[PDB]
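Visitor: The chain contents come next:
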Amino acid sequence: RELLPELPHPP
Amino acid sequence: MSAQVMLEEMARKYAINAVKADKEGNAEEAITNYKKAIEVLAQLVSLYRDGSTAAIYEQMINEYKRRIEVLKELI
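Protein chains in written order, with the authors' numbering: chain C, 183 to 193; chain A, 1 to 75.
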């Protein structure tokens, strides 16, 4: 299972 | 809406708030929101520790923890 949409990556 | 999906969205909202504040150069607001995302993600890990999504929760906790440690040194 995946997160859709993705959790944002930090800068 | 299940407990998993509801918490995932909560974590997402915090993460988006943190990255936004981060890019605007507000270290404290970025940190507050990262910590709040971490706490929700830690809760998700407790609830679904043995599932396939847990590796992603755990990966993001660490990324956010590492960004906290960088931003903390400013301010």
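It is worth saying that the hints were derived from the structure and are not from the lab.
Misleading hints may appear alongside valid ones.
[Stated by the list, open to error] Incomplete in silico selection of chain C near chain A, CB under 7 Å:
1) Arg183
2) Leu186
3) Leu189
4) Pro190
5) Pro192
6) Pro193
Quick reminder that beta carbons are idealized off the backbone N, C-alpha and C, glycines included.
Visitor: Against each hint, give a clear statement of whether it holds in the structure.
Guide: Hint check:
1. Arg183: Holds, because the Cβ-Cβ distance from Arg183 (chain C) to chain A comes to roughly 5 Å (cut-off 7 Å).
2. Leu186: violated (10 Å)
3. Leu189: holds (5 Å)
4. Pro190: holds (5 Å)
5. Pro192: Hint on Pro192 (chain C): holds, closest Cβ of chain A at ~4 Å, below 7 Å.
6. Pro193: Since the shortest Cβ distance to chain A is 5 Å, the answer is holds.
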